[PDB]
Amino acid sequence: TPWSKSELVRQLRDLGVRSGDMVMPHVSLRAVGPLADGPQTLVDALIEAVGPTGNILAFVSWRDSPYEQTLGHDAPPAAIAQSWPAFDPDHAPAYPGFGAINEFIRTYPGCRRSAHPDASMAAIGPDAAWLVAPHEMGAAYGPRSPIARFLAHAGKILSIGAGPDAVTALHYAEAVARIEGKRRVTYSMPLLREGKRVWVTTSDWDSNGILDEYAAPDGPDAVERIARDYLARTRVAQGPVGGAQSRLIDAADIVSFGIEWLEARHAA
């Protein structure tokens, strides 16, 4: 039987989601199983679980980010520069690789969307505008980003059948860790400024491996290794949401753990 909205809501409360919470979800839809109305049912369930004073923050990115196409160049290659669409937060679809739920989140009425095309975040709830801005180039996941404000806002990470590599907030630990050898990347994004396309080139921390030993394309990256160690070392509520093994994680706690984890292992 397809999972109903009200069944999902009871499971979320069993897991510890309370009215008023600030939740960032990472979802494996195939793990959850058939829903009564497809993925919207789970989006509906999450909005109901956090209530009208609660907030959802999701890492949605952009289906057509020109990250790899501009990676490593001090300007976008001519053919990219001429024809790439400017990022338009009202119409740019979500990146499919983080899960099909994120397109449903970002098109929810009243959803706000942050201005960073590659790191774009969507937020639903009364604090959404405060969560999504500022989001400037060169500050994808660290201080001054939506992840930073989420960590200051009692944020909980809701992993619904997702792996330990999925925890976006740990890129904040990578950004502030006092470790030698931190990898950076250079890329370019096309922004809308007054409705004209403007190409902006920036550097930021490499989010595909903060150090060489974590940059193997198959992993494990540092996010996976930190989260795997954290979950073996911490009491975290675990339970089903739909058919999926799910956990509800204290975001500030896992990020503080990750900062200490990196600084213990790598000289300053």
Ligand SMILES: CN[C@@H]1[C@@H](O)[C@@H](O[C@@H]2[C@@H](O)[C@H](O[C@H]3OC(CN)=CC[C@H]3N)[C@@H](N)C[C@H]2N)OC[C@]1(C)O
Contents of the next structure:
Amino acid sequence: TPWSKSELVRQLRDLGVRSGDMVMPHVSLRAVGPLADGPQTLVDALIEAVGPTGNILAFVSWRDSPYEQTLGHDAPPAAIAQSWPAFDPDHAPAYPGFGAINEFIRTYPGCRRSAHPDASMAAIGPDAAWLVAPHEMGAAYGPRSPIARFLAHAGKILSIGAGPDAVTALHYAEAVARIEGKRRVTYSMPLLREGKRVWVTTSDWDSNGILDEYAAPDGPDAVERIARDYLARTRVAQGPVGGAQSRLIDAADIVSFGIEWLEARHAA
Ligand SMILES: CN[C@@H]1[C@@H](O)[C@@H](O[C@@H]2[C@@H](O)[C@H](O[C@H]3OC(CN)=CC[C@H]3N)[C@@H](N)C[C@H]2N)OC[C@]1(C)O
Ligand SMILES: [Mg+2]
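Could I see the form deposited with the ligand bound next, after the form deposited without the ligand?
Next comes the full complex, and the chain you just saw is listed first.
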């Protein structure tokens, strides 16, 4: 029988979500199973669990981000440049591969959305505006990004049936790790500035593998390796949300662990 909002809220409380919390979810809706009113039921449950003083931050990205189409070029290729839609945060759908729940999060009334078209983050709650801006090209997941502020805001990572590769906040550890050989990428995004499309080309850390040995197309990347080690080494609340095995992780702790993990393995 499909899970009700009330059942999910009680499960989230059992896992350790408290009123006032700052939560970043990563969700496998297949693992959760049928919901009374579809994915919105779980969105509503998350909002209720964090309460009117809590916040939700999600890495939603953009369905039509021209990442692969501009990757490695010093400017967008001509055909891309002429016709690609500018990123419009009010209308641009979420990237389906990071979870079908994210389109429901980003369309929730009052949700705020960050300006980085490829790394776009959505936030709900009183601190949403502070979470989502600034989010500049060249600062996808590291210092000055919404992830940085999430880590300073007592953030908890709520993994609902998601794998250890799903932990976006660990890209902050990659960004700041004092290690040799870090990979960078160059890509271009079409932004709206005063109503006009402006192409911006930037470089940033490679979020598909910070070192060559972590950059196989189907990983494991460093995020996955760090998170697997961390979860083998740390007490973390575990329990069901819907039908999904779930975990509630202290974000600052896992990121600090990840910085140490990288720096212990790779020369400066
Ligand atoms: C929307 N644009 C996207 C662009 O943002 C980027 O997405 C990254 C994403 O793959 C990473 O997740 C993958 O990682 C690996 C192994 N590397 C295997 C499967 C996934 N777990 C994530 N950790 C960081 C994301 N930034 O590349 C793809 C893209 C579609 O172009
Ligand atoms: Mg507050």
